[PDB]
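Trainee: What follows is each chain in one-letter form.
Protein chains: 6
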Amino acid sequence: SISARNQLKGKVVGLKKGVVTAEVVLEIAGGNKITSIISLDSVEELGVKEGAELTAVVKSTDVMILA
Amino acid sequence: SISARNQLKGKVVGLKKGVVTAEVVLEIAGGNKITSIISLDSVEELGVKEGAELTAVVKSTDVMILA
Amino acid sequence: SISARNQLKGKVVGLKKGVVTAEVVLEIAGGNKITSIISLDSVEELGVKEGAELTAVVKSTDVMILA
Amino acid sequence: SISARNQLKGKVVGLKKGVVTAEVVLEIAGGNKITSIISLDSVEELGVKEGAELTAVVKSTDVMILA
Amino acid sequence: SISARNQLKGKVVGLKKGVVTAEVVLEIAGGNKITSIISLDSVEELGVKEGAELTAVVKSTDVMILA
Amino acid sequence: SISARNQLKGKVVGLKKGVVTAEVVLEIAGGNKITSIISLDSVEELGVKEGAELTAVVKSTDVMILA
Ligand SMILES: [Cl-]
Ligand SMILES: [Cl-]
Ligand code: NA
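Read top to bottom, the protein sequences are chains E, F, F', E', D and D'. A prime marks a further copy of an entry chain.
Here the first sequence is numbered in the authors' numbering, starting from 2 and rising by one per residue.
Here the second sequence is numbered in the authors' numbering, starting from 2 and rising by one per residue.
Here the third sequence is numbered in the authors' numbering, starting from 2 and rising by one per residue.
Here the fourth sequence is numbered in the authors' numbering, starting from 2 and rising by one per residue.
Here the fifth sequence is numbered in the authors' numbering, starting from 2 and rising by one per residue.
Here the sixth sequence is numbered in the authors' numbering, starting from 2 and rising by one per residue.
No lab work stands behind these hints: they were computed from the structure.
A hint or two may mislead.
[As the list claims (entries may be wrong)] Heads up, incomplete: computed chain D' residues facing chain E, CB under 10 Å, no partners named:
1) 10
2) 25
3) 33
4) 39
5) 40
6) 42
7) 46
8) 47
9) 50
10) 62
Note that CB positions come from ideal geometry on N, CA and C, so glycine has one too.
Okay, chain E solo, but in the shape it has when bound:
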């Protein structure tokens, strides 16, 4: 598919629409919550809604380690 190595499946538990951006919160395995801030245009075009099953995607070079 795509080079981004992090692909986490989950369900939408939160949605907040802005003017330029929008926030999507997904509940994944173990009950952890992933928060995404993307364009309002993409949220609308993809038809994001509470309860939908979507996948969070993250490029490897954007992941930090806390030790």
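Given the structure of chain E, go ahead and fit chains F, F', E', D and D' with the ligands onto it with the hints provided.
Mentor: Here is chains F, F', E', D and D' with the ligands on its own, set in the frame of chain E:
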């Protein structure tokens, strides 16, 4: 406490050291695997090693939605 | 301790709250000003306020060189 | 100039060349150190060298707050 | 000269201002379109308007590959 | 469908493998060139080779504006 909203606990299952960067692979809840590319310097100062328990951190503005 | 190599201490001199995001401006050593755009949620959970002493954090792979 | 709001002037105190990437460390005001990981091609083309006076640049959406 | 390896000349065909951020859409050579989300402050300081001729800039480490 | 708003079709004209990362250069429509730095693992898993027809993908929040 840091603003980055995504913080996922896991165990180190893969580690590869380059010249400038290094790759850390974490196994988190549900079997999901997180891949991180960071500086070699940080991997050495943090003492990252296979089997260690660490946390992956990702800023909300870097998470995309696939669906 | 986090892998992100850039950690700069400063004082909050500007704060603007949007619908989804928020802007924090920090004055660091030498008079330099750091601008951060993060989630509104994090700005509220952290209790960020003008005059507060906080730290700006930036991952090494996000820093470019101009010259 | 450019939209990236963070522009920090400094002097090169460290340089490490990889195969694909390279690390540049700059000393800025207050003695803080900024670490950048960019392409080896750009380090070579810009002629980066120990002691040179350059500027570190960071997009606002890549800056986190630690409180 | 900046290290960011992707520099695409274009014309502004879309501009949407928010509270904290702003969206800029550029038409570039070959019939492609680029969408940028940056600070409202930078859009105003740069004098961005529909019809302006500007350049979109992306760091190499932020570009993914889809197959 | 992914939320990333920038999707540019091209042909691979350059490939350089490192230890941890890898550099891919694509020629896109209109005579523009895109440079991507991703994981070596993804380059190998995707079967990236010179001459391949692939798509470069960038999140809107990573695109700056130069005037
Ligand atoms: Cl190794
Ligand atoms: Cl406000
Ligand atoms: Na980032």
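Trainee: Given residue 50 of chain D' as an interface hint, is its Cβ closer than 10 Å to any Cβ of chain E?
Mentor: Because about 15 Å separates residue 50 of chain D' from the closest Cβ in chain E, which is outside the 10 Å limit, the hint is violated.
Trainee: With chain E as the partner, please determine if residue 46 of chain D' meets the hint condition of a C-beta pair closer than 10 Å.
Mentor: Where the cut-off is 10 Å and the nearest Cβ of chain E is about 9 Å from residue 46 of chain D', the hint holds.
Trainee: For the restraint on residue 10 of chain D', tell me whether the closest CB of chain E is nearer than 10 Å.
Mentor: For residue 10 of chain D', the interface hint is violated, since the closest Cβ of chain E sits about 14 Å away, which is over 10 Å.
Trainee: So, as I understand it, the hint says residue 33 of chain D' touches chain E; can you test that by seeing if any CB pair is closer than 10 Å?
Mentor: violated (20 Å)
Trainee: Against chain E, with CB atoms and a cut of 10 Å, does the hint on residue 42 of chain D' hold up?
Mentor: With a minimum Cβ separation of about 7 Å from chain E (threshold 10 Å), the hint on residue 42 of chain D' holds.
Trainee: Measuring from the C-beta of residue 25 of chain D' to each C-beta in chain E, is the shortest one below 10 Å?
Mentor: Because about 9 Å separates residue 25 of chain D' from the closest Cβ in chain E, which is inside the 10 Å limit, the hint holds.
Trainee: Identify whether the interface hint at residue 40 of chain D' stands, where standing means a beta carbon of chain E within less than 10 Å of its own.
Mentor: holds (5 Å)
Trainee: Was the hint right that residue 39 of chain D' lines chain E, CB cutoff 10 Å?
Mentor: holds (4 Å)
Trainee: May I ask you to test the interface hint for residue 47 of chain D' with respect to chain E, counting a Cβ-Cβ separation under 10 Å as satisfied?
Mentor: Result: holds, 7 Å to nearest chain E Cβ.
Trainee: Does the CB of residue 62 of chain D' sit less than 10 Å away from some CB of chain E?
Mentor: OK, holds: residue 62 of chain D' within 10 Å of chain E, min 7 Å.
Violated hints, in rising order: 1, 3, 9; the structure is consistent with all others.
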